[PDB]
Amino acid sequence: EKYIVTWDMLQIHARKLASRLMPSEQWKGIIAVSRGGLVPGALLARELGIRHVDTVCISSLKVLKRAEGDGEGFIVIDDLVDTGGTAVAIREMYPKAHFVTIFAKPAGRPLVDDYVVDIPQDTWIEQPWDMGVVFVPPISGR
């Protein structure tokens, strides 16, 4: 299937994830996995009152940029987790961080500490930053 994630829905899932991260005081900062985790990370930062937001950039492996530390007291966030991605690398670099994602495919579940929505292994997900509102012809030309 093709799972469409709209801006409003991503915000709903993010607020639900933020609620599970309370109390906010247990966190010192947030490390967003670029580029997928940037928007979810910004939403979490807004909800938790956290201003210390950093990034970790990894082309597949090549660490372009890395937030310092072991992730203790930090939340590391990405948009989706599955097998064959960068989840293992993230856990090795920040073994002390709380790793969360918005979405998770079956194979990615054991790689994160928490997530919001379950996605079937076979489902393609379209994120809002990759879409736009445009004219769509009607299904029937009647």
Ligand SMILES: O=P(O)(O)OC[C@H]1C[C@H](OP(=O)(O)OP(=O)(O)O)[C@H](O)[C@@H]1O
Contents of the next structure:
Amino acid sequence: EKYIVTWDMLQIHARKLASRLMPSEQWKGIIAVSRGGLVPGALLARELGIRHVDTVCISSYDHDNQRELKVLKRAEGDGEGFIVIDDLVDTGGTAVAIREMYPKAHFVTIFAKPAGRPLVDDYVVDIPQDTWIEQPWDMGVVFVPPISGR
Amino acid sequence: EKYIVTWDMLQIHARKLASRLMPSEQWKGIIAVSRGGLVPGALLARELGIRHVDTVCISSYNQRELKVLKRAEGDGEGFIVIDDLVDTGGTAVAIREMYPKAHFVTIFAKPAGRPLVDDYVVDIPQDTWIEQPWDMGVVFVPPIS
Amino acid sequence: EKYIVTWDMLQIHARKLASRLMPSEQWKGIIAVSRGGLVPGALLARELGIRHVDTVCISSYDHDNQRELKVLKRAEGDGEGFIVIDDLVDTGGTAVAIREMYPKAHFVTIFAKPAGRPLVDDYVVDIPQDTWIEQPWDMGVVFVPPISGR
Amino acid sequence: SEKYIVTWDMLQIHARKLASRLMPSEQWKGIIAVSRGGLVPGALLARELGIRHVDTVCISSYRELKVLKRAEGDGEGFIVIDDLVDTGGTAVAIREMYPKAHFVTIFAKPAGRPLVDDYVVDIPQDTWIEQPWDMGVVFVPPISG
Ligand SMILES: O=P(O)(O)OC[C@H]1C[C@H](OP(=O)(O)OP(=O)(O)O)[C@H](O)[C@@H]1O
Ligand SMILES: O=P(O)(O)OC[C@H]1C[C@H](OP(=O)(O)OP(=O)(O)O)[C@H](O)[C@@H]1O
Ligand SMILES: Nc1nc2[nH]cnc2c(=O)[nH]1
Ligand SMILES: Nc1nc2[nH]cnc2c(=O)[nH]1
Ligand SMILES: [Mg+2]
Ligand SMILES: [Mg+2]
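Pass me the form solved in complex with the ligand as well; I've looked at the form solved without the ligand already.
The next block holds the full complex; its first chain is the one shown before.
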């Protein structure tokens, strides 16, 4: 079962999150967790009017029951006065790592499953563990055959 | 409170309803309830491959009386009657009367009008206004600042 | 070669067409050519406030170099005071047939190719003959694999 | 003139056509997105090309430029992306900072078209490009009341 997320819906959720992050003066900038948090971070930057947008690149490859993660690029700092945004939190593996790198940052996401829900400071939509979130950047408008060939 | 429905999502729901109407060979045609059922009817017609698409136009006049501007012929046997949603089921009662043998379906359905439909896709609260795609558009929205 | 038409864009064109059809008081109703003109007709009906929407169902069948036309259902009258709308005109084969059924009707479409262009009373977008118009109702938002497996 | 409307779907289509030109992907070390216009396009290229190293370059006006933050290096092996190039004001500044970088944009106007290595859509000098992140689906009253 999949939870389809179109661009329009994502933008709606992002604006709802931005309204909570007001005022925008309390924020020095935004730290987007590449690559998923890039689009939501761009949207928050637009709504809050933040021009200082940085990133934290962390690749993770699962090997059976253990994860091998490495920070390809890291934003200098502790996240003091910064908003760390990611598209979603599933198991919370990434969230835990991010919180250790930027403990003084306001960690937020758009979607949050039950596992990673206690790790984020704020989120917008609740999604089940068994439900797979299909993001807009992974989809596209293409031809789809009729249910029937009548 | 409001419930926003984009074209993409409406089509996703239409395709789910279309799958439940299979096989398409059991249907003679589709009667769309103007104007709400026009788009959903067009989507079903595409998915099921039904080319016989007709319409039923109803207008409103102490009491609120119904007025049939245009009507599709028949009692609805072998036809699908489609409307975008059922709130209280006022218009739903009128359609049921005209096409008793038809398979009345909608995309959305609120608690009050839920019993009047043969099938629907999404449940919506009674107090929630469903904002359909044909009433919206992509325009400039000022930053929250 | 192809031309992609999203729901948003189709609606933009439909609203532009509705503007030229004003005032709406001069129209008795709308006759949509199923199935292509169904969505465009619905949009016009909403924009113009027309509640009288009817249809004309004509089935085609290409048998080599000749067409087999069969009218499944048709609106009454000659289209006097009515707006007959279809999504597009390619060769103009359908347009000719419809114009002969409703001679007093204002025939309009959203898209128009050079061949059928002279057959309509009004249209919105010019499309080349070699270009295939991909309508929204034939498409859908689904997963699309990355251009590379990096 | 008038306004060139760009929806999310269309922007993504242009982004994919650009991505196919930047192949192979192995020739790139990373992507430098120009804040804030190149953030979304940069995210789409990163997904299509499979590049996980994405940095940013933030510039503010006051005109003389001001670098709020800048990515490291001369941009050798990197792709610098912005959503568009109008006159090339900010483009000239990017060239100076990341000389050995491959500068690309989605849209390009006559005046700024030379200052970029590659783009996808040509837009007139007097036409205002309305980006998706500045718009939203809201209720739009019917043309006729
Ligand atoms: O909660 P976790 O189980 O730790 O995973 C959630 C992560 C991973 C996924 O990104 P990736 O799958 O890492 O890929 P991408 O870089 O494209 O975002 C998603 O966008 C979040 O950042
Ligand atoms: O200019 P022509 O070459 O005559 O074709 C243009 C017609 C045919 C096509 O519909 P169909 O292919 O007939 O199917 P549908 O009922 O789904 O619109 C399109 O929507 C126009 O109505
Ligand atoms: N797109 C996507 N990526 C993920 N990575 C981990 N969980 C998810 C999910 O639900 N969706
Ligand atoms: N979708 C679609 N249907 C057509 N039927 C004839 N020409 C066309 C076209 O270009 N697009
Ligand atoms: Mg991620
Ligand atoms: Mg047709």
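Only the largest set of C-alpha atoms that superpose within 1.5 Å between the two forms is called the rigid core. Only residues modelled in both forms are compared. Residue numbers count along the first chain shown, from 1.
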* Segments displaced between these two forms (3 or more residues, each Cα shift of 2 Å or more, core-superposed) -> 140 to 142
